[PDB]
Each structure stands twice: as C-alpha cells, then as structure tokens.
Amino acid sequence: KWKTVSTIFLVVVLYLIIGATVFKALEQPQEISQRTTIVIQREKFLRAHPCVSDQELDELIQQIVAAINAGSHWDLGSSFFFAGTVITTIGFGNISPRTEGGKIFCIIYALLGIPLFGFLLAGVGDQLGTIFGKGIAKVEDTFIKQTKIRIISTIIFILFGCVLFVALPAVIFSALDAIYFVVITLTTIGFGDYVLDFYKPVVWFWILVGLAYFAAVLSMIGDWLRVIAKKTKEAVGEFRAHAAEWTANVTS
Amino acid sequence: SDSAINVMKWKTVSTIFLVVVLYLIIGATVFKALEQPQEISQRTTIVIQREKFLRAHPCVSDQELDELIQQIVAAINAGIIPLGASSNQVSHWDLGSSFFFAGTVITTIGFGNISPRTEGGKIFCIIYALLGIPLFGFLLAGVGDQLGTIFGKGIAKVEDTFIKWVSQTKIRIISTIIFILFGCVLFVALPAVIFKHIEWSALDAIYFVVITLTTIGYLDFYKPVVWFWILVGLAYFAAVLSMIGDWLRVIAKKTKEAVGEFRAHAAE
Ligand SMILES: CCCCCCCC(=O)OC[C@H](COP(=O)(O)O[C@@H]1[C@H](O)[C@H](O)[C@@H](OP(=O)(O)O)[C@H](OP(=O)(O)O)[C@H]1O)OC(=O)CCCCCCC
Ligand SMILES: CCCCCCCCCCCCCCCC
Ligand SMILES: CCCCCCCCCCCC
Ligand SMILES: CCCCCCCC
Ligand SMILES: CCCCCCCC
Ligand SMILES: CCCCCCCC
Ligand SMILES: CCCCC
Ligand SMILES: CCCCC
Ligand SMILES: [K+]
Ligand SMILES: [K+]
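Protein chains in written order, with PDB author numbering: chain A, 43 to 113, 125 to 198, 203 to 230, 237 to 258, 267 to 323; chain B, 35 to 199, 201 to 234, 236 to 253, 266 to 316.
Since the hints were derived computationally from the structure, they do not count as laboratory data. Just so it is clear, CB atoms sit at the ideal spot from N, CA and C, and this is done for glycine as well. There may be inaccurate statements among the hints.
Listed below are the simulated EDC-like cross-link pairs for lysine to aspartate or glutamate, each with C-alpha atoms no more than 20 Å apart in a straight line [said to hold, decoys possible]:
(1) A/187 x B/98
(2) A/86 x B/96
(3) A/86 x B/98
(4) A/191 x B/98
(5) B/43 x B/294
(6) B/86 x A/101
(7) B/86 x A/100
Computed footprint of chain A on chain B, listed as stretches where at least three residues anywhere in the stretch have a Cβ under 8 Å from a Cβ of chain A [stated by the list, open to error]:
(8) 123 to 132
(9) 144 to 150
(10) 211 to 217
Some chain A residues judged to face chain B by a derived CB distance under 8 Å, without partners named [what the hints assert, rightly or not]:
(11) 66
(12) 76
(13) 129
(14) 142
(15) 146
The shape of chain A in the complex, shown without the other chains:
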C-alpha cells in the first residue's frame, strides 16, 4: 500500500534544485569571462585583418558549425572504440552515426549489445569479487585474532580500488582532471569534454574492470543511503514523539 516513492521523488527533485544552484554558482562565472574574451578575439581579428570582413566571418563560423556535425575517423579501430561506447552506455558523444542506416544499426546494435555486455560486466564482477574475497580472507586472519571489523575491510577496498582504478590509471588512461576523467567515464555518464595502437587492448580492459569497480562502489554508496535513510527516518520519529509528548503536557 505505502507508496514511499513520492518522498524519494521530492528528495531527487530537491537534490537537483540544490545541484542546479551550485553549478550555476560555479560555472556561470567563467562563462562570462570566457565569452567576454571571445568577443575580444573577434574584434582583435577583425581589426588586425581588414582583408576579412564582418559579413564574411559569419560565413566562416556557419561552415565551422556545419563542420561540427562532421568534424581518419570511423577507421578500423575508431568505429570499434565507438562500438564499445555504445554497449557500455558510456557514449562519449564525440563521434555519432550520420547515415540513416548507421542509426538503425546503432539502435539494434545497442538494444542487443547493452544486455550482452551486461553479462560480461556481471561475470567480470563476480570474477573480480572472489579475487577480492581471496585478498580479505588472508587479511581477516592476520590481525583479527567483529561488527566494527567489517569497516576496516571496506576502508581497504576503497583504498586499494581508488589506487588501481582511479589513481594509477591516470597514466594508463593535470592531477584533478585525471580523477575527473576516471569518475565520469566509469560511472558511464559520458565524458565528452576530453576523450601506439596496442594501447587500447589493455586500456579497454582497465575500463572493463573499472566499470565493475564503480558498479560495486556505486552500489555500496547506495547501501549506505538505505542505512542513513533509516537513521533519519527514526530520528524524525523520536523528535516527533517527544514534541507530541511535550505539546500534551504543556496544555495539561
């Protein structure tokens, strides 16, 4: 009977309202600075070259904006990079199909590839989960000879994982923009702003396991939310119980 979705709905809406105000607070500042300096770089280009004119420069921008729809891409390996992005639902967004048959294929290629790749990621998950189980069975015998012990183990998970899958692969995949790269990619958000050939056979496997790593990390963070959702549910429960108490005694 109890819906309980509406409350989670408003939390998400409110999370998004807070997120919005925080993003425009952080980004609309540089947006002005950058775009005041873009108006400068036209008027510096127009003044420094009387050869090109006002009416003719927009004809260049249009044909650049037309070239945005296109840009060797689609080579033997770049289309397989593209194909990986589709089934992983990463989809960096840099290259997309333009032919009507490439879209109809991409629709079928996704509807079949996403579940298929899901089974691969699931197997790599269980594969990697027992490998981690091997590493903690030894560690949970050396200094254990137990309810709070389970926290020390989860500290070493986030520690050893954010080394292999966040810190280290900065080389494989500045200091911040690497962690930013890693998180946006492995959360499958789609890392658009940035993106030897024998490189991608090993890199795409660090992706395959890093995807399994954040898949677990995201699920733990979700499990911490079920916990904190109950603590906040019971806390409000008490403070309503005593305020009702209080309102009753004060009236007498």
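Got chain A; can you put chain B with the ligands on it based on the hints?
Just chain B with the ligands now, kept in the frame of chain A:
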C-alpha cells in the same frame, strides 16, 4: 567443489568475453561500412571550402587561419555564438539548464554538450555524481515497481476476458507482446511524434529516444514534464533491456545444447 564451480564460471566468462569482442568487431566493420563514405565525401568538400576561402582572400593569414579555426573549435567546447550578429548571448548555466545538466549526471545520460570548466565545478560534479547516481537509482527502482504494478492491474483484466475453454504457460507471451506494444507507443512512438514537430525527421526521433533512454547520450510545460517522460522511459528500457538480456540466456542455452548434439553425432 568450492573452487570447482569457479572453474565452471571462468569458462563461461571468457566465452562471453569473446562473444563481446566479436560483437564489437562485427559492429566496427558495419559502422565503418556505413560511415566511412559520408566522412570522405564531407571531408573532401571541407578541404575545398578552405582552399576556396584562401584563394578568395590572399591578404588573410594563410598559415594562421587554422589557428583561428582551432580557437573557434576550442571555444565550441563551450556554448558559444561567436558572431558579429548577437555579440550578446544567453547562458548555458542558467536557472534551468544547470538543472538539466544535473539530471544528466545522476541518470548517467550526460549528453556531453555542456561540461563544467571550473575545477570547483568538477570536484562538485564528482561528489554530486557519486552521491546522485545511487540516489536516482532508488527513484528509478521505485518508479519501476510503481509502474510495474500499474501494468499488473492492466494485464489482470486482459488475461481474464480472453479466457476461453486455456494454457497458463502460453498466455504469458501474449502479455509480453502487449507490453512491448504499449511501451514503444507511449515511450517511443508518442514522444517521437511530439519530438518530431517541436524540435527532426521520423527516424531521428526514435534514434533520439533510444540513445537517450538507454543512457548512452506562458504555459511552457517542458522540463518538469519531459524529464518525467525520461524518468519513466528510463524505467521502461531498464525492463526492456532486461528482457532482451533474459532472451539471451535462453538463446545461449539452446545454442549451447544444439552444438552439444551436433558434436555428439556429426550426422551418424
Ligand atoms: C544525500 C543524502 C540524502 C539523504 C536522504 C534521506 C531522506 C530520505 O531519503 O527519505 C527517506 C524517508 C522515507 O523513505 P523510507 O525510508 O520510508 O523508504 C523505505 C526504506 O528504504 C525501507 O528500507 C523499506 O521500507 P521499511 O521502512 O523497512 O518498512 C522500503 O525500501 P524498499 O522496499 O523499496 O527496498 C522503503 O519503503 O523520508 C524521511 O526521511 C522523512 C524526512 C524527510 C527528510 C528529507 C530531507 C532531509
Ligand atoms: C574516513 C572518511 C573518509 C571518507 C572518504 C571521503 C572521500 C571524498 C572524496 C572527495 C573527492 C575530492 C577530490 C579532490 C581531488 C583534488
Ligand atoms: C552478432 C552475433 C554473433 C554470433 C556469434 C555466435 C558465437 C557462437 C559460439 C557458440 C559457443 C557455444
Ligand atoms: C527502425 C525500426 C528499428 C527496430 C529495431 C528492432 C530491434 C529489435
Ligand atoms: C573548490 C570548491 C568546491 C567545494 C564544493 C562545495 C559543494 C558543497
Ligand atoms: C545475436 C544473438 C546473440 C547470440 C549469442 C549466443 C550466446 C552464446
Ligand atoms: C541534499 C541532501 C540534504 C538532505 C535533503
Ligand atoms: C555530502 C552531504 C550529503 C548528506 C549526507
Ligand atoms: K549510462
Ligand atoms: K552516457
């Protein structure tokens, strides 16, 4: 037995790996078969438009013109109208577009059109995602269960009107046909019709719908209503992709048992 079923798993994992590898190799060759032609045709005609602009204006900096195009394309990484017409513009981080952006992050859609440039907006986005993705996950799950029982109500009436003198196992297929039927109407067809006029051709809307809901990437009822279309459409493909995955387990068995017999016999 405890590390013997793991031997049985790794075999199944490595085979799924190769299936994925082939699936990507096949997909690659099919995309480059379809898209390499469009590229070269447009790529040759974009070199023409350079060498027509260079001859038409000898007194522009021939060598430094690409240095202009780069700095324009570098500015394209931000939302820009760098034109002498309307040197004044709008913000892509306004009150509602950042709330568009935020949703794309928690849904992991993240169209990639606008990304944060401030290192404080990146550090926030990392934390905002690591917390928002699980949070939104519970909403999508609740919307799923919410929508699933609504479907259960609609199929309990339909699986009693057609009860003639019946087989329980075969009726379950008629129900999954009417699911994909209503679903691709409300969540694929009707929006593709609406997203055809407002914004596109007939195909490019369904392409838009699929790419979005697979999470790849004055009475104005748009973002409170469209993104609630998204919220439920995401729950819809989440089920659809899961059935397609369930269809694959079935087909994975049947092909694995069929190869089993044809290995065993080899035509007597
Ligand atoms: C980023 C941090 C966000 C923290 C979010 C934390 C706030 C938040 O998320 O709300 C949760 C709560 C209602 O949600 P609620 O806890 O009842 O959700 C239930 C809960 O998850 C239980 O596990 C299950 O039921 P039960 O209980 O075992 O029977 C069931 O889950 P499942 O069956 O589907 O598996 C759900 O019915 O609402 C308030 O806290 C009241 C004050 C509003 C506070 C809002 C403003 C603080
Ligand atoms: C014992 C409590 C520790 C909990 C771990 C909190 C990690 C928060 C991650 C925030 C990411 C900041 C990235 C900054 C990189 C320059
Ligand atoms: C895109 C579909 C490719 C089909 C690949 C089938 C592989 C069959 C392997 C059978 C092993 C049991
Ligand atoms: C243009 C129609 C696409 C239908 C794809 C169906 C794949 C199961
Ligand atoms: C460098 C400033 C980032 C701090 C983000 C604060 C979000 C609550
Ligand atoms: C296109 C159908 C996929 C077949 C894969 C079978 C799994 C072994
Ligand atoms: C942004 C989460 C604080 C409680 C709603
Ligand atoms: C990072 C604060 C979110 C509320 C738990
Ligand atoms: K995604
Ligand atoms: K994505």
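Taking the earlier hints as the rules, which of them does this structure contradict? 1, 4, 10
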